[PDB]
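Okay, so here's just one chain, in structure tokens, the form deposited in one PDB entry.
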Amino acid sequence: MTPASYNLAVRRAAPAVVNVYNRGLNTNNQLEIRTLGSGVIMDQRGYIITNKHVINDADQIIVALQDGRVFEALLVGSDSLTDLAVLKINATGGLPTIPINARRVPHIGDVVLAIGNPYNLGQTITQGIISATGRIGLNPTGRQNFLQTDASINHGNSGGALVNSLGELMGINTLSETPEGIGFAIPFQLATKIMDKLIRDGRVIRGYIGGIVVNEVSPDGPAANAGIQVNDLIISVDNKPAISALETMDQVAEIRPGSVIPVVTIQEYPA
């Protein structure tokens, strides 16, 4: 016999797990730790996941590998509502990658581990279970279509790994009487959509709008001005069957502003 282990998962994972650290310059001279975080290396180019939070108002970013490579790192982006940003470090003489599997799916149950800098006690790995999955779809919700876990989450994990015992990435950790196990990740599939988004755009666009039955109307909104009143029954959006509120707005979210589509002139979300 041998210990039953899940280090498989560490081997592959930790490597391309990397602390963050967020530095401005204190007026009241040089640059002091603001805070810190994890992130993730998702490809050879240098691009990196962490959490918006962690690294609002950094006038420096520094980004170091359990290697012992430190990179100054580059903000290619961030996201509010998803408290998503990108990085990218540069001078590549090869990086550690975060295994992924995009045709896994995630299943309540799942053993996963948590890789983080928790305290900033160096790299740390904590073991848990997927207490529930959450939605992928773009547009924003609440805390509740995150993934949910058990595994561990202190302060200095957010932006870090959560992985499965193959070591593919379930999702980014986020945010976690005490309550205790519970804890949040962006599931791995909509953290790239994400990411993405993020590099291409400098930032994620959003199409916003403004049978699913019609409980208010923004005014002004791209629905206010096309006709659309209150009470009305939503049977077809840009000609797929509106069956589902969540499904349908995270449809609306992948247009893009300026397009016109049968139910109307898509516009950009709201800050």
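Residue numbers count along the first chain shown, from 1. Take the two forms, superpose them, and find the largest set of C-alpha atoms that agree within 1.5 Å; that set is the rigid core. Compared with the form deposited in another entry:
The residue among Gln144, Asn90, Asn101, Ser80 whose Cα moves by 2 angstroms or more between the two forms, once the core is superposed, is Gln144. Positional change of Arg135 between the two forms reaches 2 Å or more at the C-alpha, relative to the superposed core.
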Given for the second form:
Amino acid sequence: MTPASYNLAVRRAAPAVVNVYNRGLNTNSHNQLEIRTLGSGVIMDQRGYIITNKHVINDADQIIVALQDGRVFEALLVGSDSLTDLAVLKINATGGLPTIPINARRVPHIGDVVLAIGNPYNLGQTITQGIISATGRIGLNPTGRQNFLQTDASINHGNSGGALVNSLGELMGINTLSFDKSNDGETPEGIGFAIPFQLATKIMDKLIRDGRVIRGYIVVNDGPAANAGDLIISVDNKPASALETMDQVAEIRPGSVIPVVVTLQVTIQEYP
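Got the form deposited in one PDB entry; could you also share the form deposited in another entry?
Only one chain is given; partner chains and other molecules are left out.
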């Protein structure tokens, strides 16, 4: 007999999760570099691209990445995205890097065991265990309508930007926020959110390529629509939920003219 263990997932995945430090130059009076906040990150590939949260690295004068193998790098900010709260860093590494295990065919399911990997309270790399509690959650805010995995693996301050993986060490998500949302001061337990890895990958590639996430801009309640000239039944030859549609709009390139049946000829414009 041997102990029940998720050490295999830890061995495979934990080395590619890094400590991220946000350091400022106008944080003390002597303008010496000092941590303003900290969190986690996930090395995605050998080029040095790292996913983290935007709120972790916002307004940083220096971003530091520390690997579990001891190495320390200053990271470049490639881009970020307020809407999803994702950021992509780049370190210039020699001699190779640990990269997170990814299985693009894996469909996450509710009740799948997951491990959260990060640096809670700067204690050092920590693993916590729970399950996938839910999928397709808007998160803490009703606006944005962004997909979240929910999990009851304990998340704390310092876990942001870190990895949520399954028992095979496969990347399920990027931990973003623990639900500290009580205007009662009652304390939520086991409510935490992560950005599904498929989304996180897609955002990364968009940020890597454009330095930012370029997004295109059913009862309608100086815009492209105003200039085009109500119940929208079809957009760009696609039957019109409002959530799936607005995700369609975001994909379509600026300057592209599409048919909006309600037949108007609208010209898509980049969101500001």
